[PDB]
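Colleague: Here are the chains, one letter per residue:
2 protein chains.
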Amino acid sequence: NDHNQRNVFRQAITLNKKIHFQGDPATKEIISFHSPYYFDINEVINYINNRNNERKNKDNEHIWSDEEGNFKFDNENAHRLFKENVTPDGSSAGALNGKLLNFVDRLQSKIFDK
Amino acid sequence: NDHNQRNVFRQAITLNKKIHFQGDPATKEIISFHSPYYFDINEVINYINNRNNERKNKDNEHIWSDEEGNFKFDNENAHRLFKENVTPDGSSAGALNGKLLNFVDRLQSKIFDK
DNA sequence: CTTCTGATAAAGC
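Chains as they are written, first to last, in the authors' numbering: chain B, 230 to 343; chain C, 230 to 343.
Keep in mind the hints are simulated off the structure, nothing from the lab. Mixed in with the good hints, there may be bad ones.
No copy labels: a pair is met if it fits in one copy or bridges any two.
[Stated by the list, open to error] Below, simulated DSSO-like cross-link-like pairs (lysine-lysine); rule was C-alpha separation at most 30 Å, straight line: (1) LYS285 - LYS343; (2) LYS287 - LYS343; (3) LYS312 - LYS328; (4) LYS257 - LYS287; (5) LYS328 - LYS339; (6) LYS301 - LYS247; (7) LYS246 - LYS257; (8) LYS285 - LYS247; (9) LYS301 - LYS343; (10) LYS247 - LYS257.
Just need the whole structure built from these sequences, with the hints factored in.
Modeller: Next up, the structure:
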């Protein structure tokens, strides 16, 4: 039954592997969800908890804001959601607004399993 | 299909095991769900009943109010839900709000079974 | 107009 919980999990991990990748950009594009490269799990939880708090604008795109300024949520700007200190500016709730609150709690209460 | 119910059950027991622990803090942090430590079964129901009535604000964080004062549901303050006197306050219904009613009712049947 | 609530539905199993 999990669809919206599924792709946001795989998109967060796949994008975070390209952020922390320190090699040539030719093999950065071939990085996938199954590739064995380092990603921060705490930024992955922060990204999903951010997309939990999405707010789109009348033009139907999600507009965020961080300490450098307001930015559209797009492919080259999706790495900025890995930080906790982002506040959304929007007229209406986003596509996944309040839909991953159950998903983040299950994610956090599994990482801190000893 | 009970991942939300299984998560809050493991989360309530593991946290209640930590709170009732009276030993050294080094042992406290490695306390897990299987660890044979004392936990109040009635306090676990109170936390699950409270999280059944949780209310969140616009920032998608569950805000609570008790005798000590207003607080936000997080790992530092989630122990305050083991009391039944704490009341929710929020703009909208929480993640587990209304979704644990049968889960509590099934649990109290096992406890009150003679 | 947006938000929230509630109801209907579909799920997989």
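Colleague: None of the hints should be skipped; say for each whether it holds.
Modeller: The hints, checked one at a time:
For the homomeric pair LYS285 and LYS343, the shortest alpha-carbon distance between copies (29 Å) is at most 30 Å, but the shortest distance inside one copy (38 Å) is not. In this assembly of identical chains, the alpha carbons of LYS287 and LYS343 never lie at most 30 Å apart, being 45 Å within a copy and 33 Å across copies at closest. Both within a single protomer and between protomers do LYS312 and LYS328 lie at most 30 Å apart by alpha-carbon distance, with minima of 20 Å and 28 Å respectively. With identical chains, the CA atoms of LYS257 and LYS287 are never at most 30 Å apart, being 34 Å at best within one copy and 37 Å at best between copies.
Both within a single protomer and between protomers do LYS328 and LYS339 lie at most 30 Å apart by alpha-carbon distance, with minima of 19 Å and 21 Å respectively. When the C-alpha separation of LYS301 and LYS247 is checked against a cutoff of 30 Å, the pair qualifies only within one copy, where the shortest distance is 20 Å, while the shortest distance between copies is 34 Å. With identical chains, the CA atoms of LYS246 and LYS257 are at most 30 Å apart within one copy only, with a shortest distance of 9 Å there and 34 Å across copies. Within a single copy, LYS285 and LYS247 get their C-alpha atoms as close as 26 Å, which meets the 30 Å cut-off; across copies the closest is 34 Å, which misses it.
In this assembly of identical chains, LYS301 and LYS343 lie within 30 Å of each other by CA distance solely across copies; the values are 25 Å between and 38 Å within a copy. When the C-alpha separation of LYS247 and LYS257 is checked against a cutoff of 30 Å, the pair qualifies only within one copy, where the shortest distance is 6 Å, while the shortest distance between copies is 37 Å.
When each numbered hint is compared with the structure, violations occur for hints 2, 4.
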